[PDB]
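Colleague: As a plain string of letters, each chain reads:
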Amino acid sequence: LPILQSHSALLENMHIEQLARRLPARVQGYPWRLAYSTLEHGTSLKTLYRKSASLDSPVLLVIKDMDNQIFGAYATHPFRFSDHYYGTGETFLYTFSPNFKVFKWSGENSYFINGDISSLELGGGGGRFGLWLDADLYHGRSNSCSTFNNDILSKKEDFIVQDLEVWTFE
Amino acid sequence: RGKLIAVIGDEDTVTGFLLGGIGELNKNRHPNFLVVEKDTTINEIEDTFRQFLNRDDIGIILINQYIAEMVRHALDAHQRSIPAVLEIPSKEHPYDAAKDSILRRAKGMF
Amino acid sequence: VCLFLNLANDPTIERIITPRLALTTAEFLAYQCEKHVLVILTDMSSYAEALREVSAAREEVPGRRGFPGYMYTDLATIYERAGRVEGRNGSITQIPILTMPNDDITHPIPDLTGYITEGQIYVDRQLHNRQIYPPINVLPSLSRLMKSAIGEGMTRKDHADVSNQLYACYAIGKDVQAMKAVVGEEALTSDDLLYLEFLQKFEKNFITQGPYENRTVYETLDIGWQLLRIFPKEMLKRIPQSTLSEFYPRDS
Amino acid sequence: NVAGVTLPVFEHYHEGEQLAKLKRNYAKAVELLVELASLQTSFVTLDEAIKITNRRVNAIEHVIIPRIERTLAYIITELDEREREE
Numbered sequence: 052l053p054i055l056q057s058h059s060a061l062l063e064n065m066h067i068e069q070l071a072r073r074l075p076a077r078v079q080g081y082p083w084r085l086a087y088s089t090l091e092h093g094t095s096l097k098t099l100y101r102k103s104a105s106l107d108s109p110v111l112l113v114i115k116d117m118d119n120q121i122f123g124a125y126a127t128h129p130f131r132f133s134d135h136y137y138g139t140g141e142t143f144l145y146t147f148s149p150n151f152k153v154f155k156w157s158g159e160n161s162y163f164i165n166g167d168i169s170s171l172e173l174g175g176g177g178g179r180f181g182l183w184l185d186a187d188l189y190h191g192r193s194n195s196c197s198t199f200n201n202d203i204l205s206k207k208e209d210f211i212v213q214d215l216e217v218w219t220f221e
Numbered sequence: 004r005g006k007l008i009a010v011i012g013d014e015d016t017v018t019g020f021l022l023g024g025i026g027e028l029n030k031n032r033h034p035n036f037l038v039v040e041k042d043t044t045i046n047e048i049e050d051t052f053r054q055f056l057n058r059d060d061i062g063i064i065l066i067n068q069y070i071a072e073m074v075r076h077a078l079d080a081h082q083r084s085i086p087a088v089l090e091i092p093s094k095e096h097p098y099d100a101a102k103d104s105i106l107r108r109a110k111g112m113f
Numbered sequence: 257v258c259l260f261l262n263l264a265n266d267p268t269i270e271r272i273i274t275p276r277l278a279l280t281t282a283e284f285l286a287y288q289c290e291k292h293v294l295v296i297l298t299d300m301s302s303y304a305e306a307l308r309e310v311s312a313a314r315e316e317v318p319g320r321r322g323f324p325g326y327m328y329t330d331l332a333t334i335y336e337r338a339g340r341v342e343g344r345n346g347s348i349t350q351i352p353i354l355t356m357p358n359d360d361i362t363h364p365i366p367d368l369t370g371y372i373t374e375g376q377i378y379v380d381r382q383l384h385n386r387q388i389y390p391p392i393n394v395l396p397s398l399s400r401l402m403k404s405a406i407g408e409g410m411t412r413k414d415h416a417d418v419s420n421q422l423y424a425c426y427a428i429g430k431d432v433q434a435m436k437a438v439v440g441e442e443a444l445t446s447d448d449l450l451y452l453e454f455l456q457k458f459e460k461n462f463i464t465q466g467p468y469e470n471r472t473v474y475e476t477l478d479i480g481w482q483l484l485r486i487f488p489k490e491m492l493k494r495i496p497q498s499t500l501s502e503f504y505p506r507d508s
Numbered sequence: 100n101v102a103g104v105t106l107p108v109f110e111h112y113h114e128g129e130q131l132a133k134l135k136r137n138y139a140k141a142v143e144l145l146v147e148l149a150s151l152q153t154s155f156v157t158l159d160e161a162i163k164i165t166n167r168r169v170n171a172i173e174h175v176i177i178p179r180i181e182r183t184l185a186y187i188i189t190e191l192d193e194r195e196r197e198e
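Residue numbers (PDB author numbering), protein chains in the order written: chain T, 52 to 221; chain L, 4 to 113; chain E, 257 to 508; chain H, 100 to 114, 128 to 198.
Okay, chain T solo, but in the shape it has when bound:
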């Protein structure tokens, strides 16, 4: 019943079980491949976009902060540099806090994913982001945004990435 992965490091089986119940029909019954990991490939946003640039299927983002909280997003499109917001309403944010919560689209706006040379972010609605990351994958921020109506995904609004992974279904 639990899914097949080609390796793993931030997720234990109880995280795999609870995520795999929620992923869309698009990606049910596919093995998970590790596209990027800070622990395998070194730590930078330019490396994350470089490893993602060949992809053409959805991705799961997993983050562990320095307070050990696990959170991230499921995103309908790979993380790429974009002039404007992109993605579709099957995108969601999630956290284990320590109980698993998932914040699917509110229907209010389509500000799902935005990538820049110096940051990656998800959500919108004023100055808010459900998840923002710096060029180093060192500082990030999470606050409630009206795209997802999310909680704070970390233990704090402002956080340090301990480590980060991007998985693709392929």
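Derived by calculation from the structure, the hints in this document are not laboratory data. Note that CB positions come from ideal geometry on N, CA and C, so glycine has one too. Worth double-checking, as some hints may not be accurate.
Said to hold, decoys possible - Covered stretches of chain H (in silico footprint by chain L; criterion: 3 or more residues with CB under 8 angstroms from a CB of chain L, positions within the stretch not fixed): (1) 100-114; (2) 130-142; (3) 162-176.
Dock chains L, E and H against chain T, hints included.
Modeller: Chains L, E and H in isolation, oriented as in the chain T frame:
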């Protein structure tokens, strides 16, 4: 606009590359192909090959290798990169092997 | 701090006396009061200008390049008032500071100083023009005694490995940065693009520091690991597997 | 472009069943030939630029640098003479 491709061949690979849509005849009514019929004089397959080689409208020249070989003199003497001469294979005469005028640049390497 | 000031229009004999008062004080503080003394001697190039003048006043003939022929034995009498000694818990460490004409290392003052002292720290006009401070260039710089100062019980066990790997990455980064202008950035490999990212972040975070910002060696080594973590750990060939296992991963 | 050398290349553009099969089977041949002439116009142009570059690397190593070193050795020798005269 753009260049043409030109063809210097046995009659069957001038029906090939012509049922392929290559090649015109210009406003001066100069053609774009040569047909090496069996009694062709050896000069002819140079006389037109030099005309193609220094026209402006020809981008590629396609030559069946056995009649590049009849002019191996004039053909290896082309040092420029402007019209590219492809030594294609033929029918019953054996296919493209060694002896190609361009591959020879890599003498210690191919 | 004990401070001795000799100004540009003080007597030129007071400039000859100044290093000798300073070192006679450091010898009392180190070898009688058992302190570790740091001695900073500022423009040994200004000292040599006064030495050449006292030499001319004695009516001596000018030596090689216009300085006194005995200028090695004179500078060595200043610089060898240094060290640790048996049975006393103090020491004297010297940092001479020198200005070179034409940025030329082959002039008598830096050249004779190189035969007596054991290393150099090199201050660079290009880093200064690029608005970096302190503009210290680590590629021509060397401390010849560094292996005796660093490691377990003296700094941290990884210090030698981090120092070797940061030097090796910077020496490659400057070479990739040169070929980028020849081959263009689309011909660079993924590993060249990692050295090109390290090069920028090394100069902005490790070398660039505030004039009132103080980093312990532990903070310096931690800033060193933040930069080494740009690379896959297979790239870090100057660092042994035991050091990579203890220090490459982040922790809460 | 390759290291600042510009290479010429070519781009193809286009203006009963046995005859249709023949039209396919020849049209797919001119798609090799217009590719292969892009490789041969590149190759013959790239061979020239390597020779010109290797000749400059040799001239700097064998002709230009030694003339500078002989000049620089003469200057040091003449400055020792002026010092000994003085």
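Colleague: Decide, hint by hint, whether the structure agrees.
Modeller: Okay, the hints, checked on the actual structure:
For the segment 100-114 of chain H, the stated coverage by chain L is satisfied: 5 residues place a CB nearer than 8 angstroms to a CB of that chain, which reaches the threshold of 3. Coverage of the segment 130-142 of chain H by chain L holds in this model, with 7 residues showing a Cβ closer than 8 angstroms to a Cβ of that chain against a need of three. Counting residues of the segment 162-176 of chain H whose CB lies closer than 8 angstroms to any CB of chain L gives 0, which falls below the minimum of 3, so the coverage claim is violated.
Hint 3 alone, counting from the list given before, is not met by this structure.
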